[PDB]
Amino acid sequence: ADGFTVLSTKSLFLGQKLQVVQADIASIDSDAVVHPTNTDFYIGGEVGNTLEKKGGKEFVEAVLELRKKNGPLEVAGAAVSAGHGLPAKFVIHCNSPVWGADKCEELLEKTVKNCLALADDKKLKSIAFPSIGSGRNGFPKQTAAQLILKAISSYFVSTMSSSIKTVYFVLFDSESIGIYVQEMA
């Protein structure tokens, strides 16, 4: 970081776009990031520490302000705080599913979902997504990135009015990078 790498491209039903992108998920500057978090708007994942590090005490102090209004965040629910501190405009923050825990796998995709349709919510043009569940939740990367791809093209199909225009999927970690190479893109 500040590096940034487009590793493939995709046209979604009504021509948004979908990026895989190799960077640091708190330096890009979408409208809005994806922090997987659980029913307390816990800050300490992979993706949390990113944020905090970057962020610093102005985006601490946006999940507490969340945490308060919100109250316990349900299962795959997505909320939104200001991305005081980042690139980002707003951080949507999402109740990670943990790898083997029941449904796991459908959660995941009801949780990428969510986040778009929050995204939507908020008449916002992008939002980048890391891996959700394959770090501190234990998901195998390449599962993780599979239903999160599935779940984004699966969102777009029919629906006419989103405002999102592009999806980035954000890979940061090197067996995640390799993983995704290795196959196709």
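Each form is matched to the other, and the largest set of C-alpha atoms that superpose within 1.5 Å is called the rigid core. Residue numbers count along the first chain shown, from 1. First, how it differs from the form deposited in another entry.
- Rigid-core fit between these two forms: of 127, 144, 152, 62, the one residue whose Cα shifts 2 angstroms or more is 62.
- Residue 86: CA moves 2 Å or more between these two forms after rigid-core fitting.
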Given for the second form:
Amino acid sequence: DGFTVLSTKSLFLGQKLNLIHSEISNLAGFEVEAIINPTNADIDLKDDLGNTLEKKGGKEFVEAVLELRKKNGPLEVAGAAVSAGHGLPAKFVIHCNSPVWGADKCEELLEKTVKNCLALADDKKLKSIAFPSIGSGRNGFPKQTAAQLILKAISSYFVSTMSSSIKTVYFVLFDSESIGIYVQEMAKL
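Can you give me the structure for the form deposited in another entry, which would complement the form deposited in one PDB entry we have just seen?
What comes next is one chain alone, with no partners or other molecules.
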């Protein structure tokens, strides 16, 4: 397949969390309704993932984001916004502007980003969403802290949003260490 399931876990309300291994690049061809693209204020798709979403999407999809750039403007911190996934199997791509490690209140802001992306899914009544590795790399969060926070916010959303469109959330990771941490953390419930 290119995608192999490494872990599972139901939450208190019955949503499934799946850990998947794959290169950041294959994410675009992954069968799931929404996909989270962490970029920046300018939603310029200028990194492996951005680029590969552009190759699998064609002009259709690149135009669609430039629309999203006009209509929305510069994306704020913890901001999330949508585009149609014209080329891809995903219906929508949820672009988000995560905070930077060492930013003021950056941990809450990372929780806030995650919730915003989830809100966006529910509001487009979507059934399954895939996270790649957020906060790590360009934003310099410690891998472990990012995973703690992200998992905490997701767990916090379903408990705080009584009935949601969202049935399945996937984590698509490539970094061996991050995989380790995610498996450990998912075992905390």
